[PDB]
Amino acid sequence: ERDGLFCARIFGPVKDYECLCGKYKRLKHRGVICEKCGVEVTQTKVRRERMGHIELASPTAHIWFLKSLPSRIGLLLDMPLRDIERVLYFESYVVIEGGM
Amino acid sequence: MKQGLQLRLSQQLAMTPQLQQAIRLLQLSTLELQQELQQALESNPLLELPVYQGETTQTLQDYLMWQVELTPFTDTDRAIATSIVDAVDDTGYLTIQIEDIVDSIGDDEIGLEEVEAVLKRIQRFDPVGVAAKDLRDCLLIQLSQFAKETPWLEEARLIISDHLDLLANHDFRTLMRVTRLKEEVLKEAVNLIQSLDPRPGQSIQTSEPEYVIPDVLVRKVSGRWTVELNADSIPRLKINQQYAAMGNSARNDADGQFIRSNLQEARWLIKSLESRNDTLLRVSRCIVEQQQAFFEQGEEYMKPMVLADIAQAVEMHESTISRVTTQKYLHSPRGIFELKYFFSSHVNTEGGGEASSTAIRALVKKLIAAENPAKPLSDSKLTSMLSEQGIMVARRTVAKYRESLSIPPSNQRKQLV
Amino acid sequence: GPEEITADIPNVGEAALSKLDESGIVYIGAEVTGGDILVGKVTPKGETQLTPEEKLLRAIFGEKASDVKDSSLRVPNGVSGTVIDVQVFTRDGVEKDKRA
Amino acid sequence: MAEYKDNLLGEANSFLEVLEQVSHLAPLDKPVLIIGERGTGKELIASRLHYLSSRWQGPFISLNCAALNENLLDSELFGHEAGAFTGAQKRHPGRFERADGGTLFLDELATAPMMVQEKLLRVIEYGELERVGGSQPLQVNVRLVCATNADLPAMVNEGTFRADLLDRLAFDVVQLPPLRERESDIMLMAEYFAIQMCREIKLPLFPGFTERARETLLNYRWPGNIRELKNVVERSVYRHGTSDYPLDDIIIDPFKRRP
Amino acid sequence: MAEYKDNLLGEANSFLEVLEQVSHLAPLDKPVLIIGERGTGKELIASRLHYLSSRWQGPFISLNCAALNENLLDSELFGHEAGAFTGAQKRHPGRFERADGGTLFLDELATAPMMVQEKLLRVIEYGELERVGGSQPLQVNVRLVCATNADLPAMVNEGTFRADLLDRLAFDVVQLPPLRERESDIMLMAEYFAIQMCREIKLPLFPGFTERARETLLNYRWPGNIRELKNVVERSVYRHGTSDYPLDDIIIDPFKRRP
DNA sequence: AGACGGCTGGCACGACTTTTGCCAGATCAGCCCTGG
DNA sequence: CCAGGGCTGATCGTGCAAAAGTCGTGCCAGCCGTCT
Ligand SMILES: Nc1ncnc2c1ncn2[C@@H]1O[C@H](COP(=O)(O)OP(=O)(O)O)[C@@H](O)[C@H]1O
Ligand SMILES: Nc1ncnc2c1ncn2[C@@H]1O[C@H](COP(=O)(O)OP(=O)(O)O)[C@@H](O)[C@H]1O
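Protein chains in written order, with this note's numbering: chain A, 68 to 167; chain B, 40 to 456; chain C, 984 to 1083; chain D, 171 to 429; chain E, 171 to 429.
Heads up, some of the hints might be wrong.
To be verified - Examples of chain D residues lying across from chain B (beta carbon under 10 Å, computed):
1) 241
2) 244
3) 245
4) 363
5) 366
Since the hints were derived computationally from the structure, they do not count as laboratory data.
Note that CB positions come from ideal geometry on N, CA and C, so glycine has one too.
Build out the structure end to end from the sequences listed, making use of the hints.
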């Protein structure tokens, strides 16, 4: 697909050195990148070595922390577990700052 | 007459931006449509064993290298070898020219003779003569391998050498006078040549998938067979209730408005997609009614038709039917076809009747195939055969059709009995 | 395109097809060892352009034109026995019935 | 370089000199106008006028003021663009536009409605014309040829014809000699006619002319020069229409009684 | 606008005042009427006068009063808008709107139809003009140049010319002299054209004229002014056919019989 | 060995299909303001 | 407190026609089979 899962221009090339587009398909090109398709002409195995990233503009916590036997965010902020679990779901409205 | 700028009357036409979008909506395939429709759904907020088997396979090219590894050679010989067998097809002859491969090496030391060597070393590997670089010699290599003892060997070797043109135009009269071979004994040399496996690489890859999704379905329940659309395929939008119950009680004008506008959109889009579907079923249905014929009968029994034929059975305009037919495939007992397909040109037969070209072109294919192989039927001879049937096609029509079915001429399909 | 059992398998010897009948199934009562072919099925390949190479190959040999692939039912390795009986079920609408 | 002689004969007298005039006219790209009696072979020498000249491959298209019609007259000359006026489904090329790089024949100049002359008055000078109901203009270089039945100069005094129009045309004139001015070529044109007609009716051969014919031929005034002469001889031949003794009677007039 | 250089061969007393008269007028916006006798050289002045004026890159656009069709007359003069009538498909720019900031040079207006006189007059004096079916009035300055050989003062009395149209039209009318009147300038022009003609017909050069020829051509009614001179020297040159001796043959009238 | 007849295929020219491109407007009903 | 007037917004609308495309059949050129 285009700009998605199992897509081109991400995660590497396809089964052969040939570009998805259709041009620049041979061993003569080793590191060049075409204009109609942006795909590095390399081996297929490198597909299992290239990962992807997602922006996720909205912040998101890691469930491995603050949900195990010890609470990391809890021990860092001196905050109980119930309050953090209630504030990580838009139903607590904790206060950030304000000294006046 | 006279020239002036007067006014006429009696007509009907109306359109708008939003309605337009609703109309183009049915012209594009569900799969490609559902994409367009997913995109709508981001914009509108109120509208809603790990490796299993994973058996890595052989792959031919992969097979070629496994023996490259246990062939003995140098680094330069193993480098050219990877180059050569890199550039080889599923069929098995090589894609690039050999002088091209020299440009891929980029080495002054590398020479054509050196390449001729590594190539030919790996040219008799597995299976026989693979990496051919333009068949003629591939055949020549497989000939090469087996024993002198088999008769007619030198004959097949002479022909294959430099008399290819003679065999491709099937002009055996010329072949006989050129090669000065035996009369109707050469036949068996040619038969040897015939059983030599052209395209020896193909063999490896065979595992090919099943893949086609029928839009509509039509299937012989007691006669009068009935069309129903594909349930799984058909796209569907459903109103979000949460957000529907959060427009009224809303305290702000921003929010309230916001929610109304979207609901408006959304209800409209639903109604438009709903439309697409109904059209297409009404229409499916109306095309197979007329073309009742065809399912049982075959491609021969198709009546010749135009959109008008199917548009006037419905109440919609012609263009509309034209937009809804593109890229929809409807599955039936007989197979999967595109909905376009039914529609074709007619030609006028004897007895006032007309015949669908498709059906005649199916007819020509059976007739031409089922003929004495010593004497091929020429086009005009057929025209005459059809005329007996009543079709009265003419000869260029039939050439056209006969060359469309990817079948070459009569003088060109002539062969030894 | 549809797949049919016509015993017209390319890239195979006559010895293998010596036990296959017209439609492609094996005669009742025969024996089979190793990886012999039982039912000869082929898978169609997509049409191509003029293709001067394939055009020449079809003008010379013919009847194949790389249209079908060898996808015949063969016995798995390490299996030896004799066939008791065959059976064929065809859906409604299709009336090929070579030897059914 | 093709001669295109076609049916050219009757070369005995002065006519031969006018051939010898118009003969280098084609190379020149100027106004050219001819004057002759109706049917004094007024077309055939103006057609020849195009093939001989440079663009001998230029498209040939031709019009007459006598026909044309009062209405579509404006549209037919300059031509009309599409949608310019109601009922105009597609753009239609103008008559002037039709022939570009080719000579256009003009006839019945002697008549010409005051309306017709004015519209084409500036079309042929700077070679510029704009289609009716057209946003833009077009430029062409066509070689106008005119032909008349009558005396243009006398008409100019009366005013049934503009001086300006006269000036643009008539670079050189060419007066075809009246056939009855000939006296020589009667007989060769004669004989040619003879033979054609005998040929068409699938008769074996031509017998001759029987002097009485010859005598009476000279006497007639001959109003249409090569156009009643041909016709006369076809219509006389048909009355005989055999292969024996030559024909003696002259069907000068077909509304005369058989008896 | 700094340099303009084409034609205008004549260099005589009369042609001097008029040429220098054009120069004064060209800067000024006001419309100028070009009157005269046929063939004097009006398409010269009007073209050249247009650009001497301060608008030269602006569109310049001609027509013929007589040429435009009577039925579409409103559209030719002004134009339409898409949807106005069964025939039209889009807004139509008109000659009056085609001429924004440029100049409109009517040609041979003296023959313009009765309707034509009653169309352009109101929109010319002011610049107000409503497009056929247009919602609002369209306003434009199109410099006006128009010229004709007729005599308007004589014509207005007859009643074939609207009165005032001759009147809000005529500021600084320009009058050219005839060929017979210049006399001194005639010799230079003959040499020019000839050399031009002879060069056109793959000829080397000019022989020059003789005293006979000089005298002959000098004294003439010289009717068509410039149009006729060039005709004559340019027909005579064709007939001479060579440069071996001086040119002597004069063809004045083409039309009375060559022996 | 040369001419004649047959074959095929390219290209052209009407008769005929089909495919893409439009872009609101007026009219009716409920609620709010105001007169009776 | 009840009836009259204004005004906004909500609602209804899948075709007509213009140009590009395909269709069938004829015309003509070039290759090849066969008799004299
Ligand atoms: N010298 C000539 N030799 C042969 N035929 C001639 C000659 N002059 C004229 N004709 C013939 O005379 C008849 C004259 O045609 P003409 O009357 O001039 O046409 P138009 O009426 O259109 O000017 C023609 O059909 C033509 O073939
Ligand atoms: N001084 C001049 N210089 C060059 N050519 C001239 C002159 N006077 C007249 N002419 C010519 O004769 C013709 C001009 O037409 P013109 O007098 O426009 O006719 P009208 O006045 O009738 O438009 C031209 O072909 C132009 O060469």
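Verification of the hints:
no. : hint : in the structure
1   : 241  : 6 Å, holds
2   : 244  : 8 Å, holds
3   : 245  : 7 Å, holds
4   : 363  : 43 Å, violated
5   : 366  : 41 Å, violated
Checked against the numbered hints given earlier, the structure breaks hints 4, 5 and satisfies all the rest.
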